[PDB]
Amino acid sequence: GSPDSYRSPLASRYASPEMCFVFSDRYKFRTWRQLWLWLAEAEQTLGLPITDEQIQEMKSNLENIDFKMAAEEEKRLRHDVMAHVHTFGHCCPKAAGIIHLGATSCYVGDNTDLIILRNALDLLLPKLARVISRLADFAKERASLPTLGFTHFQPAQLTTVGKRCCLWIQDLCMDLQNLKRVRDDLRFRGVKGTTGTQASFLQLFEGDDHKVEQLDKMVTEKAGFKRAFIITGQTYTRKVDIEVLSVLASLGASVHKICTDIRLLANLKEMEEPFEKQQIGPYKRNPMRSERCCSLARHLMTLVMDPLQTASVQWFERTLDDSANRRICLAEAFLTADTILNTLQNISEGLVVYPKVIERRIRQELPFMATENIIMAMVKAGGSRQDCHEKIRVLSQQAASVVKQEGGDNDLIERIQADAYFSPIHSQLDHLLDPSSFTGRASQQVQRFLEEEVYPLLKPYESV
């Protein structure tokens, strides 16, 4: 692309070449020809006057596409499909008269879109499986590392770095399920005619309903779909595009949340994005990859409104106000998702943790959450609950004033150590303030989660 024209940053800058190719005109028109080859093979099988020589010349010329010629013919014809029937028949002169036999434009246009959507999903699925797997390794590594919990982004009951990572993983697992469900349930349009009635194919087969049904089943199987619609207008219902982009929107919400947490952890200096390759010969580090993931994820959420609106105002058996919008949103949704998953994998590969910063923060906040434990110990040693409460309240106030009014380190535990009133529990104080004892069931939750929910989910993706 020239620097003198706009180039989508989703092609040029962001997405992988594999996803870029799925949405390319090369892939599109090659798949159009592929569909025409399948149609010819099935029509031959069903008794139509098509030869093995005609089939073989189509098969040899699936990739040999004259784009200049197609574009020229599209000018005079003003019909993209017929422009390509012409260009295909030019390089396939024996087969020319039977290309597109009995079909309408959407046999190629709309089935190709479904193949594209399915192949795009099949590119995302393994990438999403891989990021989940890398985060699972991290979660298990850090399963028992105590970290300050945050509710309202204020100190709260301690969690572990790995348990927090499980919140992230779980949302991504829900995405993996949704994506796989939408992919697997996607139906083929098949051979349906202009308004879905198969009137053209019925006539071609001389009123033979069984042959129309069989043809529909054969192209569906050749394209590798399990199932075709029975009911369509001109195209697959545009409710499908809502299903697909809704699950991508939800994925975007998940990633926006995870990468927001990561950016906040980076401010706290508890976690940072992976160190990047050394240049031959820094204190401050910006979580730029997580920022980019948020930025893009937002756009994936935004896009959901396109297919919602499109579907809601489709009139009868189709209106073509779906077409320009789909050319933008379907491709953009997938290229944005791809980019996000490529970046998130890169974030996952060697996340940096600073346990001494984490520890320090716990030591600042934990004492204000440990006071019932200190009361219980005093009471167990023969002390008075009332007096211990009154005394803890006063020392706690003193420490809180050091922290806020003076900008000091929390000295509550040191106040308690120095006060002879707490003499009966001074020897227990390290044990009573052990952060691992305040993480509840965090580490066991990680283990049960990974074994019962995450590994089983990943198992079938081990091939790809």
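Rigid core (definition): largest C-alpha set, two forms, superposition within 1.5 Å. Positions refer to the first chain, counted from 1. Compared with the form deposited in another entry:
Measuring CA movement between these two forms with the rigid core aligned, the set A199, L77, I328, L320 has one residue at 2 Å or more: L77. After superposition on the rigid core, the Cα of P355 moves by less than 2 Å between these two forms. Annotation: Cα of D52 displaced by at least 2 Å between these two forms, core superposition. Once the rigid core is used as the reference frame, the Cα position of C92 differs between these two forms by 2 Å or more.
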Second form
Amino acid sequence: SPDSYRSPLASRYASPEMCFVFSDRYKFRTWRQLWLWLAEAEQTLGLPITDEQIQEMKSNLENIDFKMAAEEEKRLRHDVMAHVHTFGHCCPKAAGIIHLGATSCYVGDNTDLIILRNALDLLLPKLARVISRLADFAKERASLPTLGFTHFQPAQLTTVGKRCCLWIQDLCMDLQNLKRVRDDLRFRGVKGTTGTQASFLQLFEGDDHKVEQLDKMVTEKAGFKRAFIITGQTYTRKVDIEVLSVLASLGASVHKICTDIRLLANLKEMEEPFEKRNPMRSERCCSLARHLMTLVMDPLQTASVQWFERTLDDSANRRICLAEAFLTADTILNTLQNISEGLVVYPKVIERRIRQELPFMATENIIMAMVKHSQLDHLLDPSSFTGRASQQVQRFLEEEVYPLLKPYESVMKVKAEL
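For the form deposited in another entry instead of the form deposited in one PDB entry, what are the coordinates?
Next up is only this chain, free of partner chains and other molecules.
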């Protein structure tokens, strides 16, 4: 409803798919999924849980009474316990075995880790598409000379495609980082209130092996290759630093790229798509990318003051910054893909600017000729001042870019939103 504040990330910017990943339906559904997996594995390992209790839970995974959970939360001041009661109300037989041996972080943290990994999996293809569209552009314009800029003053010629490779390289570094974080992300698993699994050890009457099995079993049900051995109550909040640092770095890359595009628009050498002509899409990318960089200080601060086995001063902050970083990243990648699909180049403006400055950039050619008038047209040919630019493009795209794009070949065809 427009009568109260609504995040522009929900109402304006981010994709439906990313919005669903950070939704409360997906969150509390996944809590129930985790409670089911715990009960399943606990029964398999010999605890007194009946087939009918398990079926009851399985039938009501998505049957979530939000109104009743809010009333319980107002009464108890504990969101996890509110949802245990609410789940126990629609599963009266199972009510007594839900959450058996566990702490709130069993559902809280593991859900957050499932969410993070799904969210990374949504970002990766979009980033790959951005890189791919820019790679097409870079190849197509590999040989098109353009005035180089250092200190934003006229400098030795480069090419439009070579400059595009500066942007592509930064984005490829981001793709490498996002892949790494996604692949190295570990599950909290089943660890108990302070990470000792003391509760589960007592439930299995001192059988260490059964405890390790339980941990490994729910880890596999959730689709993770690996779980922590060491935790406190929580997974280490250093994980949140690693994830938001990579998104912050992506922010910087996008901000630089979109800043270049905005400058190229002033120069009239290049313009973003349009369905006075302003680079509004690039400006929005910069704007949002900035927020992405800002957000890195949240998890840095959070992790630095976590006392002992956990303090709850992480919780509210994480409800805000994790979702917003991903929703912001999602919007920037979509928007940048749309930009890269529709870039318009104006070679006659590019050539005119070179003609105005190239004379100053030469003179050394004219002296070398003198040492030995009719040659002047050939000596001021812009193509000869670009050094190895077009050769650099081809070598870079082949050796460094195309191999990173290979795994996303099947999803390349999707066109952007806006």
